[PDB]
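A.B. asks: The lines below spell out each chain.
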Amino acid sequence: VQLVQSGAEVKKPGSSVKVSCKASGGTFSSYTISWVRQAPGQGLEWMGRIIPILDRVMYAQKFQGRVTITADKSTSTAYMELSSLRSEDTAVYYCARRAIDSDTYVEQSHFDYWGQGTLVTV
Amino acid sequence: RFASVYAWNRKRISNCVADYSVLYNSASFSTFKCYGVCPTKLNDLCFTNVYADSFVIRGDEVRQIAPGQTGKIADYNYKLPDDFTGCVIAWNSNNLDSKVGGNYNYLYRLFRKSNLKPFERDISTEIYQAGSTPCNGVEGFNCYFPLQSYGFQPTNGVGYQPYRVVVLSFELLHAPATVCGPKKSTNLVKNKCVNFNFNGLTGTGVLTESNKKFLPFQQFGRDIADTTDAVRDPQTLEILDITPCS
Amino acid sequence: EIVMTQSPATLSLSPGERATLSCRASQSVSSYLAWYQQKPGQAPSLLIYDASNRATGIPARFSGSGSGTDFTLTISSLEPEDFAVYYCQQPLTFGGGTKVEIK
Amino acid sequence: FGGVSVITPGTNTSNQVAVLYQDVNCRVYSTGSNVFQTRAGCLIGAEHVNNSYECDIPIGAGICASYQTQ
Amino acid sequence: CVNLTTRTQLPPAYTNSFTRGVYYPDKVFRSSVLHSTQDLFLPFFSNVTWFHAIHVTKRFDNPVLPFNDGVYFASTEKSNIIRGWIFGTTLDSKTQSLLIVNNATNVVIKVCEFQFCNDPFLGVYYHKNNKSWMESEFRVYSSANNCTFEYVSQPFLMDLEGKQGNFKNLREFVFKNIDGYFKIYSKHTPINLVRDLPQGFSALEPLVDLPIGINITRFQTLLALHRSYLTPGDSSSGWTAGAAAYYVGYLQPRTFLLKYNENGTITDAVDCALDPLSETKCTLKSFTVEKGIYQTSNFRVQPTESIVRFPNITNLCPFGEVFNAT
Ligand SMILES: *[C@@H]1O[C@H](CO)[C@@H](O)[C@H](O)[C@H]1NC(C)=O
Ligand SMILES: *[C@@H]1O[C@H](CO)[C@@H](O)[C@H](O)[C@H]1NC(C)=O
Ligand SMILES: *[C@@H]1O[C@H](CO)[C@@H](O)[C@H](O)[C@H]1NC(C)=O
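Chains as they are written, first to last, in the authors' numbering: chain A, 2 to 52, 52A, 53 to 82, 82A to 82C, 83 to 100, 100A to 100H, 101 to 111; chain B, 346 to 591; chain C, 1 to 103; chain D, 592 to 617, 634 to 676, 690; chain E, 15 to 70, 76 to 345.
The set of hints was computed from the structure by calculation and includes no laboratory data. Fair warning: there could be bad hints in the mix.
What the hints assert, rightly or not - Here are the computed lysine-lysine pairs in the DSBU-like style, where the Cα-Cα straight-line distance is at most 30 Å:
no. : chain 1 : residue 1 : chain 2 : residue 2
1   : E       : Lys195    : E       : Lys278
2   : A       : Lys19     : A       : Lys62
3   : E       : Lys182    : B       : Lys528
4   : E       : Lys195    : E       : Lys113
5   : E       : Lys150    : E       : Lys41
6   : E       : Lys77     : E       : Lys202
7   : B       : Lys462    : B       : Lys378
8   : E       : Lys187    : B       : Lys356
9   : E       : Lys195    : E       : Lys310
10  : E       : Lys187    : B       : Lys535
11  : E       : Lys41     : B       : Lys557
12  : B       : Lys417    : E       : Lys202
13  : B       : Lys558    : B       : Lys356
14  : B       : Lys458    : E       : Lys304
15  : E       : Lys77     : B       : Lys557
16  : E       : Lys278    : E       : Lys150
17  : B       : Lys557    : E       : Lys113
18  : E       : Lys187    : B       : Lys558
19  : B       : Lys356    : B       : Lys386
20  : B       : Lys462    : E       : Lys304
21  : B       : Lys462    : E       : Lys187
22  : B       : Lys356    : E       : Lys202
23  : C       : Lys99     : A       : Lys62
24  : B       : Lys462    : E       : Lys150
25  : C       : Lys103    : A       : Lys12
26  : B       : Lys462    : B       : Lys557
27  : B       : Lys537    : E       : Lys278
28  : E       : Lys41     : B       : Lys558
29  : E       : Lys187    : E       : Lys206
30  : E       : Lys41     : E       : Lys304
31  : E       : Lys206    : B       : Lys458
32  : B       : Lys378    : A       : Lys23
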């Protein structure tokens, strides 16, 4: 429904980037939230997807270990954490909604609404 | 030690007497309902097969533990035959099965390809597929480990609180009894018109020695009219013919 | 992950001409593709999902085709505002992308 | 659909039987050979003869059956 | 565990079920009556698959067979080779399976997630010492875990000698899996048998009702091997087939008219599906039919396929414009 994200930040190497996207209405009980990174000069690099309903998170191999995702139980709050921020890992990164689901668990094959993002640097 | 519903346990009760004395009237239970025998008469009967199914489910799932009632817990975890004889017993267990951050020790099968038949206990962990791409043990998209724990919490709504469910399933006297309610014996009376009870097969007639033999597992016989012809005495095992009173 | 290769690295055409963009998998993904349009200053937006099925709010000039491992994005007539970098996405991650430039 | 009648010589004599299908106009949903199609239905498993005799087991519509030399 | 070799590819011959495999359908005494019973029964006069072990050939015959709706199983021997059964679905440790094994120490029944040997076996060794046979091997499964059902009986000091001749002891069993219970019935009779089950009649008494909750679609038999000082010591080829036979049939829904004699033994029965005469006997509740015409059941053509052809409606009903509307 919504992808309300954080502002931009600059921080010390090794620090974690902890931000969340808030989705209201019926998002919590339906659609999941996917985190993707818009590295400069690149295409998008998907990082992971959190499903607060199944208590599960799916991750890109590229971002395993460094990216973990936490979420709340009310407003769907996709609280992504990127550990060990490096200065070379400067990017605009964001959340997007995965608009396909079912009660037969076909779950999320694709995306619909994307949030554009915020910059994290050092 | 209650089981996850996806893998509910079961214990056999045998070679024992009583404790069917409307134990539920202690009012420790949120619900008690029998689908066969009326509860107050359970303690007057003999049974050949008695079992207790033991597991933990959410409050809004309690209603699914019933013959004829469909739903995911009824179809993917624990299933009763519609032709069910027994009693379903349940109570709130927040003091044992709930934790502040959620008690996740109890698993449910949420993802399944087919429904269960009565009393099938499927403890498989095969990843469930829901789409055209195989997703072979990937986790995500079209596939998930079939089981999910539920975080029971002491502060959630009642339908989200844990309940302990025990289903007492049993067979009636169609074989020699092994479990009986409490009974007081009286002596065997031969000849004369006498009102008898044994293990059931209650009736009035004249008991005389029979010239019949029963196979070791039969206990009693039947006439063409489907009335008891003769019975074996639970004590000493003599076969007695039941003739009508004049 | 699901590895995808895109081609050409750069496509060169005039506005009004057809733009064809290729994406190829190392493994079959059935019909699970999405296509996106990237612009300077903007993360790419969704054009297509389900390989050929057009996304909500997207103009009729965009459509896709293909199955298994071989997929195409077609813009029947590329507009001056569509000289974007196009990308494919599999259920999990994105391909390399094709830059489109004016000839 | 229809009724099925079984023509039986007494079992203390023979275990051969013949079967009559009430509404079959042969178009039968079971077997063949020894098929006599009559107004009483299809009689399968009996030999029609051009002789005539006293009636033994009646079938209907002028036809009777019997067990003879077997 | 051990993949056995050196075998003649003896063919899957069939025999006649005749009038065997009726069973006692109840646990109630009846006598000097006829009674109509509905159950899963071995059909009369069916083609029963014959299986056979014989050395001469070096034939050991221990395949995976379908369980379907239940299995009629006969065991023919004097040699005590055929013993034990395996029941389950995939039979590969992925899920639980039921293992029933008769060894000299005891009879063990367990339900576990078992790791299969592919072709498991028991066996005896012929010792030079005392010129006698002794149980030496239990190469039955590689492992088991996650065991939920277990029963163990007393010792069975069975005659382990590799006795030759026609077969003298016949056991008959049925294995059927109903509403969570694995039901086992059996009986023993004397024989003089080589290939064709005697044209006899039997009803067998129940033994157990096992409260397992197990899904069974396939089963495999278990056979013993004979090893000696007259064979190679190699575990895959160093063996003797001895001599044994077994038969496998399947149960089908049937109605039988059963005849209970004085003292309640089922003495005879008629399979109501064999032919029009049997149908007549079942209809009349009699094993004797007088000369004449009887009507039996009826004839009805069954459907072969189905038609839906409903309205070609493609849009969806606007329930969401009613519910969650303001
Ligand atoms: C039993 O196995 C069959 C396949 O052999 C499967 O279709 C069926 O759903 C299984 N039943 C249970 C309870 O797993
Ligand atoms: C038996 O042969 C099969 C062939 O597929 C093989 O996978 C298995 O490991 C072999 N077992 C032993 C004990 O050699
Ligand atoms: C044969 O004799 C040996 C002596 O070492 C003994 O161990 C073995 O148990 C005996 N076998 C039988 C079948 O009695």
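A.B. asks: Please flag the earlier hints that this structure goes against, numbers listed from lowest up.
C.D. replies: The structure breaks hints 3, 5, 6, 8, 9, 10, 13, 14, 15, 16, 17, 20, 21, 24, 25, 26, 27, 31 and 32; every other hint is satisfied.
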